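This document opens with one chain alone, in C-alpha cells, the form solved without its partner chain.
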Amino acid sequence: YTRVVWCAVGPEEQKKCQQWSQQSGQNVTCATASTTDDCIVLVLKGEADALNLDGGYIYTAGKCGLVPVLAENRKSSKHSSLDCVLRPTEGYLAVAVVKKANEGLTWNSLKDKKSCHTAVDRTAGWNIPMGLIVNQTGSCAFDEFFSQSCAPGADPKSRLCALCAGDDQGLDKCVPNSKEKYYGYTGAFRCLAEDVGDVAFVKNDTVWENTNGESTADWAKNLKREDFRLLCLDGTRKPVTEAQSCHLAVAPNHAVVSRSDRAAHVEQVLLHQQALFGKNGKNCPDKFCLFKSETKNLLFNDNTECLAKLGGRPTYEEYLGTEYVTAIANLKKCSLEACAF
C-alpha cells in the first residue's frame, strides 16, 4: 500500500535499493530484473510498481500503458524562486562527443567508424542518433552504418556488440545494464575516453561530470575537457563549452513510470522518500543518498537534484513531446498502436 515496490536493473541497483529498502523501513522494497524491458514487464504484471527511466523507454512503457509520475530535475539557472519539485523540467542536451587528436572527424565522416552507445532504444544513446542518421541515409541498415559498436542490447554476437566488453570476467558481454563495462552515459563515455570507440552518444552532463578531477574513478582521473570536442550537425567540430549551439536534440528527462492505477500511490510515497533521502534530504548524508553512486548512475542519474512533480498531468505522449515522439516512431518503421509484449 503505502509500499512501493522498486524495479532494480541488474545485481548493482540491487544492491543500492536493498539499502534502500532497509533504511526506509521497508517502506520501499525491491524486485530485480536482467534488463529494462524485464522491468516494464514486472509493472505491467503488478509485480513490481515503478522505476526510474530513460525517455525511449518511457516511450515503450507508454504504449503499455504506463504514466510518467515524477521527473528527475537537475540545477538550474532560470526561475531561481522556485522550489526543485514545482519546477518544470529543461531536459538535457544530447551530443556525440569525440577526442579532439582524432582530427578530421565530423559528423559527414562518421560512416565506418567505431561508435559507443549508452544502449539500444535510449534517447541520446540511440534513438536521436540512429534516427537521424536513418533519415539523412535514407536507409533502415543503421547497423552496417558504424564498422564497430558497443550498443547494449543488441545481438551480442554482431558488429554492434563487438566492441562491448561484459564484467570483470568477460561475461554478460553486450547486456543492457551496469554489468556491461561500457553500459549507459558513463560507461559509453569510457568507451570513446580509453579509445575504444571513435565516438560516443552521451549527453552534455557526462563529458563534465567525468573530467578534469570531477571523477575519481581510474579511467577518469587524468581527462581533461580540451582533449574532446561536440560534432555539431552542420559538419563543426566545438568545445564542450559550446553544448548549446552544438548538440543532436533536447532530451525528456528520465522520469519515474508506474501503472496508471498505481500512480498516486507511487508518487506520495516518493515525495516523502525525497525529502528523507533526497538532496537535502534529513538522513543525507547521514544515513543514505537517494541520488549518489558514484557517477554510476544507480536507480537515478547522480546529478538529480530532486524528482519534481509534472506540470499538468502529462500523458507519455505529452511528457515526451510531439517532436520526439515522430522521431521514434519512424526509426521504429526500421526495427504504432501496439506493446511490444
The other form holds:
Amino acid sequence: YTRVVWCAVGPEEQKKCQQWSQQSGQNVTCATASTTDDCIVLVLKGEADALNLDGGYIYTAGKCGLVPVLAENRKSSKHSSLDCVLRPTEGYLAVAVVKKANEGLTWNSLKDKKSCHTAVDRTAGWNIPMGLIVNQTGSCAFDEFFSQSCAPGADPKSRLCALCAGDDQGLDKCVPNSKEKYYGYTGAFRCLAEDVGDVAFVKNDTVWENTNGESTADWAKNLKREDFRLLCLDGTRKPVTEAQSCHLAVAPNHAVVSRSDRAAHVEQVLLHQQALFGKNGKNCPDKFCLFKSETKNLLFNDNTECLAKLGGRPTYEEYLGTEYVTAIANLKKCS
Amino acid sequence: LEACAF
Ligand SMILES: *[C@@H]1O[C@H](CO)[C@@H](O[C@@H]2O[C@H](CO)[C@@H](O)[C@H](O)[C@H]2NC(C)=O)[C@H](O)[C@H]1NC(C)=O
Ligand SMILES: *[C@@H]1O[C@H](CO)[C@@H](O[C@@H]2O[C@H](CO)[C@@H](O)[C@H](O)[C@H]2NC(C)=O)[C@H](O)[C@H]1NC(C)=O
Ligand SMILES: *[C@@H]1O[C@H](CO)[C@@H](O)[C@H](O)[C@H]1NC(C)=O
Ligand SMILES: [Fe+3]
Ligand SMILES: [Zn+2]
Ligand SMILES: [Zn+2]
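So the form solved without its partner chain is up there; where is the form solved in complex with its partner chain?
Below is the entire complex, every chain and molecule, led by the chain shown above.
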C-alpha cells in the first residue's frame, strides 16, 4: 500500500499533522504550505495527496480537477439511527454577527463599517456576504464597501487587511492561515468579540462554540451569547438562537479533496484513520484525536463527528450545488 | 465560469 500525504496550511496545522503521522505509523505523512491555494497546487503537482477544504476552496480545487472524497459531518440536530459515516451531511448556516450593544447596525447599514472575514474565497467569510453585497450594490467595488476589514488573503497594505493583526510578533499580517490572529471562523469571531470589527461573517456554530463557557480561551472565556445578534437580510436583528430564520445562506460542509486517481486510496485510509483517532476512536483520547486541536479547527473543524461518505460519487459542482457554484462564478467576475 | 486559476 501507499502512504497518504496530507497537506497542512501553516505551522500549527503542520505540528498537528506531524503528531497524526507519528501516531499513524506513517500511514499518513505531511507536506506543508503557507496558504490553502498553495496546498491545492502541491496536490495538483502530486507532491501531496489531500486536504480538507471550505467550499470556496473546493471550487478553486475543483476547477483544477480535484474531486471531493469525504465530507465533514457534525452532530445532527435530529435523531438518526445511521452511523455517522452514512448519515447525509446537513450544511452549515452562514451568518453575519454583531454586538447587541452596537444598536444601530443592521444589514442595510453595513456600508463603511469595519468587517471581520474568515479569509478571502471562503464560503461564510467571503463568497456569501461579498456576493450578496456586490449584487445589492450593483458594483464590483467590494474592496471599498467596508471602511476597514480583516480579510486574510487580501493585499496586506489595503483596507481589506487593515484590521488584521498577524502573529504574536506581528509578522504575517493578513496571511490566510492560523498564524494570523483573526484568521478563520474563530479568528473572525475574535475580531468581533474584541470590537476590532463591527461585523463578523462566520457560521452559526462559531458563535455557540466560543461563548457561555464553551471555549476556555482567554478572549472567549468570558463571552455571553446574549451580547451578540445576527443580521437578517430583511434588515432585522435577532438573537443567535434564531439562525435558522436569520442566515445569509446554507453552506456545503467542508470536505476532503484529492486528485481523482488517488481518491479511492485517500478515502480508505481516512475511514481507517478516523476509526483509530476520530470521535470515540480506538486511540482517542489516549493517544491522538484527529478532530481536536491544540489551538482551533486545525486540519478539520473541531465540531466534526466524523468524515462521511458522499452520495452519488459527486463532482465538485454537484457537491457544492449549482446555486452556490453560480454565485461564486458571478462574484469572481469582479476580479 | 472558466479554467484552473493556476
Ligand atoms: C447553531 O450551532 C450550535 C452549535 O453547533 C447548535 O447547537 C448545538 O446543537 C447540537 C445538536 O442539536 C446540540 O446537541 C449541541 O449541544 C448544541 N451546542 C451548543 C454549544 O449549544 C445549534 O443547533 C445551531 N443552530 C441551528 C439553527 O442550526
Ligand atoms: C448574485 O446575483 C446573480 C445574478 O442574478 C445570481 O445569479 C443567479 O442565481 C440564480 C439562482 O441560482 C440563477 O437561476 C441564475 O441563473 C443566476 N443568474 C446569473 C446571471 O448568473 C447569484 O445567485 C447572486 N449571488 C448571491 C450570493 O446570491
Ligand atoms: C497502517 O496501514 C496498514 C495497511 O492498511 C495497516 O495494516 C495498519 O493497521 C495501519 N496502521 C495505522 C496505525 O494506521
Ligand atoms: Fe466554511
Ligand atoms: Zn435559508
Ligand atoms: Zn453525479
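Numbering follows the first chain given and starts at 1. We call the rigid core whatever largest set of C-alpha positions still superposes within 1.5 Å between the two forms.
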Which of 75, 157, 79, 224 is displaced between the two forms by 2 angstroms or more at its C-alpha, rigid core aligned: 79
